[PDB]
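Below you will find one chain, with nothing else, as structure tokens; this is the form solved without ligand DTP, and questions on how it binds or moves follow later.
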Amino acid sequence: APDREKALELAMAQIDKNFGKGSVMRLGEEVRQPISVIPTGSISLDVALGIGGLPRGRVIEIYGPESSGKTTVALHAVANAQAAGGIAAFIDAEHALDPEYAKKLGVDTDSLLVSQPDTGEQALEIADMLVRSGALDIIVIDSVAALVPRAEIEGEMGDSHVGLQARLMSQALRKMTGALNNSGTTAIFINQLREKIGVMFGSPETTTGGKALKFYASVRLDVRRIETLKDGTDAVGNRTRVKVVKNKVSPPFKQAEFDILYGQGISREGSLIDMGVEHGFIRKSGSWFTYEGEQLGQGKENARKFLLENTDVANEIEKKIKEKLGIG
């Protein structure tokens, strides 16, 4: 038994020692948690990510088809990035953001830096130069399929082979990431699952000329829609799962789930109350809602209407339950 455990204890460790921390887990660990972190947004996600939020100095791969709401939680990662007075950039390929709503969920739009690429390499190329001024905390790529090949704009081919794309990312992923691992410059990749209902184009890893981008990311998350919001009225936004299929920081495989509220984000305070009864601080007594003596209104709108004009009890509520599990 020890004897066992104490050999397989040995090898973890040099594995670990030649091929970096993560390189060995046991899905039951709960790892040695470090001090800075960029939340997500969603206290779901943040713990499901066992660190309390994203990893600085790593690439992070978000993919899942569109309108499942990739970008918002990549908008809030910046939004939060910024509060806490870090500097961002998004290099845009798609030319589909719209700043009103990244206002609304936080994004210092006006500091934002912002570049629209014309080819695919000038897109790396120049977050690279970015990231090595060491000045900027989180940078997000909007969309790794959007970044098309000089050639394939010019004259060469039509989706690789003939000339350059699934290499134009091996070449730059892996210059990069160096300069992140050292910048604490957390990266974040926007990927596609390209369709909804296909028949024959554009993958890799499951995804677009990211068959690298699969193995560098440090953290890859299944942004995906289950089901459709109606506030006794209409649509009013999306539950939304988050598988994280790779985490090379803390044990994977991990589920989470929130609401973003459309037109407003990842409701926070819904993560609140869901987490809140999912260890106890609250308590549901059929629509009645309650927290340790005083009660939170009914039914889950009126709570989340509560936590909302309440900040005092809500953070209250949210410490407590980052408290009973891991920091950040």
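Think of the rigid core as the biggest set of C-alphas that the two forms share within 1.5 Å after superposition. Residue numbers count along the first chain shown, from 1. What changes on going to the form solved in complex with ligand DTP:
- Once the two forms are fitted on their rigid core, between these two forms the CA displacement reaches 2 Å or more only for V162 among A83, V162, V114, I226.
- In a rigid-core overlay of the protein, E316 has its C-alpha displaced by at least 2 Å between these two forms.
- If you fit the rigid core between these two forms, you'll see the Cα of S67 move by less than 2 angstroms.
- After superposing the rigid core, the Cα of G280 is displaced by 2 Å or more between these two forms.
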The other form holds:
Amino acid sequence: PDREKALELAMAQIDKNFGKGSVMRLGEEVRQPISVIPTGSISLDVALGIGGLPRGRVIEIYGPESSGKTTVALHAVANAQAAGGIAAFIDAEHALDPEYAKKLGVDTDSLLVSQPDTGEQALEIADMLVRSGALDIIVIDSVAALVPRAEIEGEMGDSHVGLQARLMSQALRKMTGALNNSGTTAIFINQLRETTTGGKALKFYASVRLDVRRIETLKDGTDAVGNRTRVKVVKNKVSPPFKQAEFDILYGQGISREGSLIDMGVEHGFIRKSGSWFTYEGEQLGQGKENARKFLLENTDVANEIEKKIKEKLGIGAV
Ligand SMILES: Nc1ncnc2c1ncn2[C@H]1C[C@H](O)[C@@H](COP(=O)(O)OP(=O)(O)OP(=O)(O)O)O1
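Since we've got the form solved without ligand DTP here, give me the form solved in complex with ligand DTP too.
Every component of the complex follows; first up is the chain already shown.
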């Protein structure tokens, strides 16, 4: 017996029997290119291993309210529109702020929005839109808001089953295949407090599952500026999972580009961080992540070069 060789034949038949990524090495480096939709976050893009959200797949983005999950979904939509794609938004929360969405670069006017009367209707409409192959991405707001018609139409405490999770199951079962044929990325948003009853099946049907969470409150000096989010890619059937990313989302703003640059530039050594002060190729950036953010904001030439440097090192800029 020659373990490594017996192992390859094993993993080969596993992937062949159940698909690419059925089993992989955490430390491997996937060259499977696969057509993604940039998450609007460079670090998150890298964490996913393929530059963004894989297309034709089910993506789940769960986490507590106000942790950044809609922002990622919106940024995702925007990048898909910019690349000439058509976007759909199955809304059952009635929270969306098109004004904020435009700010993140979304073309709201061309955005399809549906506000379904029940969970069945919601999924059914999404399934119908998907099968026209016209969409590049479709976002479903609130897995939890997908309450069965039976529950909606007031019905007795009798015959009360875990119908919502069944609903989400059958729905995901038939939709996933279409999503594959269509190549449409379907982001399910799980604002959670079973993962909201329906997140049960979503756990098995997703090719990617992002754990969005808010960790810090960007204070800059000593006042509210934005908030730092951390996303853990808990499931990734297209790359080695378990990676992590972090990013700033200033108030009323989307994911900070400069913020990302300052973070990855530091860790990747392109930008030196002496305690308190930041420097790049011997240029002074400022004393304070925020001053540095401002600096990079104003000196668009720097940052663009830093982005280049950081980009080059790890694949390249998104689409
Ligand atoms: N309408 C808005 N006005 C100002 N800032 C906003 C707005 N929407 C989002 N943001 C910014 C600041 C928020 O602290 C940050 C995170 O909120 P959001 O992305 O909605 O979190 P979330 O997606 O985890 O919540 P949920 O998914 O429950 O809606 O995004």
